[PDB]
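Just the one chain here, the form solved without its partner chain, laid out as structure tokens.
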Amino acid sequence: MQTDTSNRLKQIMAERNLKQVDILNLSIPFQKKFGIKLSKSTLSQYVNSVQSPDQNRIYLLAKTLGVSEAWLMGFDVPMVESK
């Protein structure tokens, strides 16, 4: 069994009372440190199950939110310990 990245993002937003604006703004310092861009439009496509994140944007969002990258991809693993 597994889930998808859209469900994982929705779990984050329910656990921590976040909206997409919070996710995107929390990511800004990480986008600069890692050299990985994420736009408002792209993040909405991930939450609405229109596209899956590529390798670089999983890494960005897993570091931003402090969660396992395998978990954020939708595998049935622990939320925190990969990377």
The other form holds:
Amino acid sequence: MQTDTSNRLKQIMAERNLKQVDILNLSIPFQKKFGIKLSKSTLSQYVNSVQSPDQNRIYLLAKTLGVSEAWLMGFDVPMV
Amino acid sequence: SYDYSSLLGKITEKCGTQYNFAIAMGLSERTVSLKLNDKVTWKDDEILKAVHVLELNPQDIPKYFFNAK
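Please supply the corresponding structure for the form deposited with its partner chain bound (the preceding block corresponds to the form solved without its partner chain).
Whole complex next, starting from this chain.
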């Protein structure tokens, strides 16, 4: 289904029994690796659809969750 | 950084100039220039519009916008 990043995040959280704090912990090595930081408040905003993550943060969460960037953006594509 | 080689190919093929692409995206050319030259990150909506404008296959998006150099 063609959606947005906000729903894909919620999809991951429900499918993989993860909360926002889990995702942050997983992103920590990738934050250092890519030089892209992500705070709890800013991730909360992505989930609550307050702001849409840019290219950098999409890349960060994709590599962190091990999924396709296109899928994470809401495109009707394979998850990996 | 991001390798936009493939992306630059489609832009030349579909739009011609970077300026033409800018107009099609509804952006200034300086804005487009800074993004294609990896000085400014791509916004969420800009990537989606680029897919519409360049008629890219959505599954190819990781190779167009998320290819690290």
